[PDB]
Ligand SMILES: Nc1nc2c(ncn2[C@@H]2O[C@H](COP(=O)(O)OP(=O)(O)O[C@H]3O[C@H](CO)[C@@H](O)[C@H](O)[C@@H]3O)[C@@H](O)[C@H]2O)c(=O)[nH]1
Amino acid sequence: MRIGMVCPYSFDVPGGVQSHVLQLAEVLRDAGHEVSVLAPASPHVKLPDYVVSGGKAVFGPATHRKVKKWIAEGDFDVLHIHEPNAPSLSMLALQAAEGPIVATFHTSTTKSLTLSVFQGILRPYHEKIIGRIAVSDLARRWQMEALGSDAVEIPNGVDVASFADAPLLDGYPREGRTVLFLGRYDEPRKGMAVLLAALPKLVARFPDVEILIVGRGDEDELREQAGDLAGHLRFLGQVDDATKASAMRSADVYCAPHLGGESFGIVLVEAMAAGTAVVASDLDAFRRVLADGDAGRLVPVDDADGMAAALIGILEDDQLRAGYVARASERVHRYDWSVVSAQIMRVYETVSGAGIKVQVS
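Just the chain, alone, in the form deposited with the named molecule bound, possible?
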């Protein structure tokens, strides 16, 4: 097979959809298939040669050309579009292409927004999606009620072994014990304010605790906020994946205090693959990943009080952790690429057949 993929976000900047597309392309290639990945200009990163630029948003006429040239010349057995919102590179591809088309819907909020977007004026285009992949059972039931046609649930994958066998960072694990936070910390939905609010309760318990923070942000604004406790924060910046795996394995707890805007809990999955106990915010999607509290500890949503007690309980009580890490290590196989690439392939195969290529409208 020849798979064309579309990613609507730049690879300039880490993110769930980007990381999915790149990782999925590599896996399909490891498996013999040809992949071509289309994405917005990504000036800043070393991308493999099968990543193809769609030009940069400001999208203009050259991008509409480029999408059409790519499709028409690509000879693709399957076009796999991710997050086809409107507008976006993805929706541009969906409008330009005819034939074996598969889409993965990474984000969702509600039944309401799913019915209306799928039943809306973009309906003609959504009806061209032959294989629909959703990342939860609910999102899925939402698209089946919207368009009256089968969708499938496939959780996004990870490389479970690349976390598992990550080397610990210099001088880790820590005596004063360490907690990991990973994300664009100055978006409130990512919940840094909660972990901030619980920090005093934490520090009183482990005077030598380190809050190890991965991701881009205003370090100053947060430092000044942590007031007295700013010394306990250690910022890796926006680090590479090898380092992030290392950081994850070398932490004692992974904390996901998000407030919402999360359709799938992938960082959680990453912490489970590393063997770091997870403590998490209890958004519908996080509950699914921690399987109702059997594979990680869940905490009410905007509650720094509960969050402290939670991390405190996990850190001091070894047996409990061991059990979380054991139970979660077992469950995390469900998310590994070998499982998930299979599920996607079956979708690619339902949708394709000898002689049928993707074509320009």
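Positions refer to the first chain, counted from 1. Whichever C-alpha set is largest while still superposing within 1.5 Å between the two forms counts as the rigid core. What changes on going to the form deposited without the named molecule:
- Once the two forms are fitted on their rigid core, between these two forms the CA displacement reaches 2 Å or more only for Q95 among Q225, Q238, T243, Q95.
- The rigid-core alignment places the CA of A197 less than 2 Å apart between these two forms.
- Relative to the superposed core, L168 undergoes a Cα shift smaller than 2 Å between these two forms.
- After superposition on the rigid core, displacement of the C-alpha of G131 between these two forms amounts to 2 Å or more.
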Given for the second form:
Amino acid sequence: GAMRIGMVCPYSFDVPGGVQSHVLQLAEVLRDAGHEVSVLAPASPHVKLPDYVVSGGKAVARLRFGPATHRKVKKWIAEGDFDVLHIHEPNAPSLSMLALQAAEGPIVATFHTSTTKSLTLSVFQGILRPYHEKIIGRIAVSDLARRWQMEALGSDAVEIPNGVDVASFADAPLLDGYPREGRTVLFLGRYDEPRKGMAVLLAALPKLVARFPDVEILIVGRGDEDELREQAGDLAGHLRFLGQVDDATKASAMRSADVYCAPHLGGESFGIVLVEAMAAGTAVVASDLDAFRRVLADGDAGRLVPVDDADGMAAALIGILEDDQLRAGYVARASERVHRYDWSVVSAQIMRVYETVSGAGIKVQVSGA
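Could the form deposited without the named molecule be given as well, to go with the form deposited with the named molecule bound?
No partner chains or extra molecules come along with it, only the chain itself.
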């Protein structure tokens, strides 16, 4: 039953990031399931972390990490006695790649390509290791490596969704004073960046207020309030800024909004926030970018709008708010879909990968043997 799993996170936890958060959530989840997990990462002295995460330090023409670091890592692996070593974003250079090169046996590496989709593969430890390791260094930064990995022979590469704790949203406490009889709409992100599409949401505001005069636009994330109020004109009174909040409050605000609007001009990454919205039971209206269309399943799980279309956005929102049955339907379907993104599933898939790669009696060792 039980398994010992090392994970390597290339990034310090001193700063928020998708990968860091992914790793930690996953680790917690596996530990909850009765596995021994160890997390290696760079020094994160500023934040208080669980006891199973370990620090490797920080350091970096073309140059590599210093000796003390290598020592630390080798120690970690050798005394780890891991059944599986899981590496994240083994970009070259990185802590992860260092680990990947140091170790031997059941090695798995994951590249998080989109916030909602992540490629997972097993390193060739045969005569090809030197060659494959150079390909793995470029997967992060190139389409061709990615392709070749998914396409090639003897390559076990699989795609798995990004994980989410669904309950932390669904069960999130409502914000004091919500729901608003005035119909709140949620925007989430840094609104000074045009690709987040705040401008579109602003363009559609007059119609929205016309048909729903008491509406609030709840805005989470960092940006310039003054400027936006100024661009909002006399409708600026409808805006409410929560600033850049913690995850708990994000979940709360998300759950207490009647609708989540995602008018992104494009990211080709950003989609996971929609998953969080659906898990919160809040109906989604999103721009028609491919990723969003995938997540909402062609328009099954949420309303899709043409990119950079204000009139469409307005019609969509208004339509959602005015008819409650429709909205409820959208939410229910979304709740159906959100299953595949929960950790209990994702963790199972990755566990399958672990089980495939690791045998009985085989432990991760430092090269060579």
